[PDB]
Amino acid sequence: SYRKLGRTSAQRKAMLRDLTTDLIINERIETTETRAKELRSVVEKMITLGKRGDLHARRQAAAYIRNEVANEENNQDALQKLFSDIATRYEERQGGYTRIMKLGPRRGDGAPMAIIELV
Amino acid sequence: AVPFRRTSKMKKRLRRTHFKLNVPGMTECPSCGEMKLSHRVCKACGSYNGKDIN
Amino acid sequence: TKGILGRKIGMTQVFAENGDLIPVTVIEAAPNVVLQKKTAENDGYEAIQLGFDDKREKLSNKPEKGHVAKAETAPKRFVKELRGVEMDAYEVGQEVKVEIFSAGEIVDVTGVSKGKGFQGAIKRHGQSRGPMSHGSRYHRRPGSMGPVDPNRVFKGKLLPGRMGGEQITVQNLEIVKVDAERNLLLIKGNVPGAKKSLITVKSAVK
Amino acid sequence: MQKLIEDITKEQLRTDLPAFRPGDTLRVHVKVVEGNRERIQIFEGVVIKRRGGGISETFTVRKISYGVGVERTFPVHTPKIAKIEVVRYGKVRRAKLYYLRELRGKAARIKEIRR
Amino acid sequence: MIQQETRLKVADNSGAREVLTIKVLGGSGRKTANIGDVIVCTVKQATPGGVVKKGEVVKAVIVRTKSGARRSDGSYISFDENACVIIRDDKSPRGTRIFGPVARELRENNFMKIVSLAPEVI
RNA sequence: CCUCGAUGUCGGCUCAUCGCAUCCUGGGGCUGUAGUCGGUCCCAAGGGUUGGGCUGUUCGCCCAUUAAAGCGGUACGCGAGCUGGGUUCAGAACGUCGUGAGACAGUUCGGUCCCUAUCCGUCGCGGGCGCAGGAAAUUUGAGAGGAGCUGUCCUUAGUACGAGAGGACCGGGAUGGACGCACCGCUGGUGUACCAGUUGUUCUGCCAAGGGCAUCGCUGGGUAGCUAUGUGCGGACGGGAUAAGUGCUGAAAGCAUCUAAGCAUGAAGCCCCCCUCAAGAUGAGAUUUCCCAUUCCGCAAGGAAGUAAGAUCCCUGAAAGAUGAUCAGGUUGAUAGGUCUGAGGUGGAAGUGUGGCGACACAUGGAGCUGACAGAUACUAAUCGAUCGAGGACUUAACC
RNA sequence: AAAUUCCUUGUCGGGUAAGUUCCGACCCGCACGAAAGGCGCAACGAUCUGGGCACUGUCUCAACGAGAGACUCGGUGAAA
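Residue numbers (the entry's author numbering), protein chains in the order written: chain k, 2 to 120; chain 0, 2 to 55; chain a, 2 to 207; chain m, 1 to 115; chain f, 1 to 122.
Hints may be right or wrong, so weigh each one.
[Unchecked claim] As a list, the in silico DSS-like pairs of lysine-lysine whose alpha-carbon atoms are at most 30 Å apart:
id: 1; chain 1: k; residue 1: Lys103; chain 2: 0; residue 2: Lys10
id: 2; chain 1: m; residue 1: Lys3; chain 2: a; residue 2: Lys9
id: 3; chain 1: m; residue 1: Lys63; chain 2: f; residue 2: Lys66
id: 4; chain 1: a; residue 1: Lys178; chain 2: m; residue 2: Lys83
id: 5; chain 1: m; residue 1: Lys63; chain 2: a; residue 2: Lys178
id: 6; chain 1: 0; residue 1: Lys52; chain 2: k; residue 2: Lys38
id: 7; chain 1: m; residue 1: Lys80; chain 2: a; residue 2: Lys189
id: 8; chain 1: a; residue 1: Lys158; chain 2: f; residue 2: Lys66
[As the list claims (entries may be wrong)] Chain f residues, not near chain m, derived (Cβ > 10 Å throughout):
id: 9; residue: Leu25
id: 10; residue: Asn34
id: 11; residue: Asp37
id: 12; residue: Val40
id: 13; residue: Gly55
id: 14; residue: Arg64
id: 15; residue: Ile77
id: 16; residue: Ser78
id: 17; residue: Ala83
id: 18; residue: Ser92
id: 19; residue: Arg94
id: 20; residue: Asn110
No lab work stands behind these hints: they were computed from the structure. Beta carbons are placed, not taken as given, at the ideal position from N, Cα and C, and that holds for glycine.
Work the whole structure out from these sequences, hints included.
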């Protein structure tokens, strides 16, 4: 199955889209353990969608990724950064683009923190 | 829905006998000096299976 | 009373020499190895342990390794004995195959059921619930406990709890197809258990 | 287990059927035994659904006979159908033409495509 | 599946137009009569000319149903609308002829005079 | 006589449990029993004992079934389980009584059913310890529970019997009804990270292509899973001891007599045979395999302290699950996610081209897309570690 | 036989497979009756009562899915 993360379907789609585009931006992300575990599969789907490079995959990735600015003074969006730099880094691999590293639990929640990194 | 009689201190302590919390599963860090949970990044060292995490 | 034990692969649908259809469970049964023969001179009964599947050396500890290594092919995953057989044809270290069954005989099929978790009164015991409407706030609920006068509820009032996970035998199942080289039995009907679970197969007590 | 189920079913799944999609008309010669006789009777209808896979694949047809629609469902890969002919292909957009139960009498116009 | 309190089409020229089931014949209490079995039904609506008028209690046989039947072959019959044929205290119908198609499952019971009177059997 | 410092009434729903003074089924006596039919009585409580109309109704009357539509007890069972229709508050009215305020086991329309479960109880799941070592498996079964009901047709045969009508006992064969257990291959249902169409507005600078919100916006299908109305199977053939009954031999009491002595037969009933749970069955069972007898002290009653066999802490998960637990795995590895190959499901993507004024249609092309489905792949995550864990009394038979 | 009728489910008829409620008719009116008004009456009513067409999980008979509690963890922490 897939985890529901205690929120409705539209909230889950919006939160996963914001998280996958912020991972494309920042190249490392601190989230809770299960947000990390559900983010891993979707970010790898986006990366293998961008590795094809054709315009149909471009329009699918533009349907999924938020329109957030990815670099200063270059006008590079998250979609263009994903396609160009991520595919350019990642022709050689196949599968397994993400790392999950556990951290100590949250002070106010006791929620187990986690780090998503992209190698 | 109402307690008929008060629970005595003996029954109170016998119910509370399972209310402990266990020690966290802990491991000495390979980068040494501090003590860590298993499968977690050490907070002082910032290391996990060798090397830095920055 | 012949018997083997394998695992449940799934379901197929087999035409039987006519336009008519047979619902079929497909049971993979690899050659079962006899491990040990319980005899009444030192055990008080007559039985035989059949073993099935092969575990790795990391999975198998030393007591299973020795107990197999009395007469050794390999350490086995499912070890289960069966009673009420002749003993002279069965020997220790002998392999029994699906070829000892034919496509006509009548089978008791025993397996551990699927799990349904903590699931309550109406789903568990097949009992009815009260009205959804006319103002009744009583539905999906167990019942009344019983009469007032005994000043308790009687033993065995059926309540919510955990369903499934129990061993159940279906009776008089009929073999449709036996496949030698692919190690299959194909049984008319439906057998208890989830996929890839252990099911043992016996000649039915008619 | 999909390859093993394919290997078991591969010997007895039939091979001589024509490739018909749901939503085109067709005729089925089914053999029926009335008097311990071997006769075949004919069923001309439009294929409403085709579902399932392997031997488990079934298909149904619908024929309006004498003011009453009759919908007949066969398993596809069966020996009791002698032969299946397609007479007119159709142009449909759905995969399952469930609206032909409600529609009746040449509002149910399956447009031919000649392919 | 035909219950108590179902209205059915009447498939013959017996003068009945619609029937209402009372009790399905079978065991002690029976939930359903799928096809072929006899039911006890009352004529709720009637043809103005005919041998039976509105509101008497007859025994009918179910001919065709919306939820169809399963053959032993694995094939399936499913008609469009529920319909029945009135018989009288014996195995034969009192209607002169039958309209509409009739299922094959009447033939395995001794319903020869209905399944011969049918204009097409499926 | 207990209860008025509160013991909630009738009926219905949900759940049943018992008695037998038996409604059916089983086994029989007697008959004013020509044969299924019947009536009474005996044994028998194992199971079963239907839907509707009217009434607040139990109770009745009626229609249509059934093999049968039992009578009762459990606070006229069950309201810290539900409903509130009538009763038994305040409003109003009719008949009647009263001079009146008002009153009717006379009627009629409307009328707040509170509670977070402490202890027993019951249904499920765990931790601890025990069983003169420490474990891994496999079981014997004392003892519990569950199941236990029946019809229709054909043949035996229109045969026995009965001028006729009618119509068998016993015995075989097929099949159904209601319950029960299991499982999604089929029929379907659902299937809120699957696919497609489409309305309104708004956003991605515009076209084309998409996103947000409108119950998942609505509509048409639907993978895994759960599911019944769907499919498979069940209660069978049997064994022992009996109940009522039928007896054999046989005196008491030269006869007779089922009787005291002996000997048989005989029920859906009892105990097994069927299925499940079950060594805490402290009466702690048995079999097979592994580690086995090491360090210090008071020198020895015995302590403590590293270990072997083995599990565990922690991590990847589901065929399991409220959490614990059980099960699949932990780098000589396929446990999960990815990637690739597929099955299924939607159904003909975007972009270009051609036809047309255009909405649109064709070709590229069974295309594109695809959540839980099954194979391959060491690409990422199951890393490094730590913890718990044996050394064994008196008597007999018999050996170092 | 009524907001009034205990005998009472008065009797006959319509409706229904079946109708103690409903409607129509008779009148033995326990105990209607003429401004405590009698008998009618179009429109009107979140009134009361009986029936029918559509429609449906109200039901036969339950099944799945979503959210908030419930359940596990971290914080604070009552009551009868």
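These are the hints, each one checked on the structure:
Between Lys103 (chain k) and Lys10 (chain 0) the alpha-carbon distance is near 42 Å, which puts this suggested pair outside the 30 Å criterion. Straight-line distance between C-alpha atoms of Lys3 (chain m) and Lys9 (chain a) comes to about 15 Å, which keeps the hinted pair within the 30 Å bound. Restraint check for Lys63 (chain m) and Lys66 (chain f): the C-alpha separation of about 14 Å stays at or below 30 Å, so the hint holds. Our distance criterion of 30 Å between C-alpha atoms is met by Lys178 (chain a) and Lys83 (chain m), whose separation comes to about 28 Å.
Under the criterion of a C-alpha separation no larger than 30 Å, the hint pairing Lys63 (chain m) with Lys178 (chain a) is inconsistent with the structure, at around 37 Å. Restraint check for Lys52 (chain 0) and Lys38 (chain k): the C-alpha separation of about 23 Å stays at or below 30 Å, so the hint holds. Of the pairs offered as hints, the one joining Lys80 (chain m) and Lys189 (chain a) holds, with about 21 Å between alpha carbons and a cut-off of 30 Å not exceeded. Straight-line distance between C-alpha atoms of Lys158 (chain a) and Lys66 (chain f) comes to about 42 Å, which puts the hinted pair past the 30 Å bound.
Separation of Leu25 (chain f) from chain m is adequate, the least Cβ-Cβ distance of about 25 Å exceeding the 10 Å criterion. Its beta-carbon lying about 16 Å from the closest one in chain m, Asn34 (chain f) satisfies the requirement of being farther than 10 Å from that chain. With 10 Å as the threshold on Cβ separation, the claim that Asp37 (chain f) sits away from chain m holds: the shortest Cβ distance comes to roughly 20 Å. The Cβ of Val40 (chain f) lies farther than 10 Å from every Cβ of chain m, with a closest approach of about 24 Å, so its non-interface assignment holds.
Against the 10 Å criterion, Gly55 (chain f) stays outside the reach of chain m, whose nearest CB is about 27 Å from its own CB. For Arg64 (chain f), the shortest C-beta to C-beta distance to chain m comes to about 7 Å, within the 10 Å cut-off, and the non-interface label is violated. With a least beta-carbon separation of about 6 Å from chain m, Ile77 (chain f) fails to lie farther than 10 Å from that chain, contradicting its non-interface assignment. Against the 10 Å criterion, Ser78 (chain f) falls within the reach of chain m, whose nearest CB is about 5 Å from its own CB.
Listed as a non-interface residue, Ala83 (chain f) fails to keep its Cβ farther than 10 Å from every Cβ of chain m; the least gap is roughly 8 Å. Under the 10 Å C-beta cut-off, the non-interface status given to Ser92 (chain f) relative to chain m holds; the minimum distance is some 20 Å. With a minimum CB-CB distance of about 21 Å to chain m, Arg94 (chain f) clears the 10 Å threshold, and the non-interface call stands. Here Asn110 (chain f) stays apart from chain m, with its beta-carbon at least about 14 Å from theirs, past the 10 Å limit.
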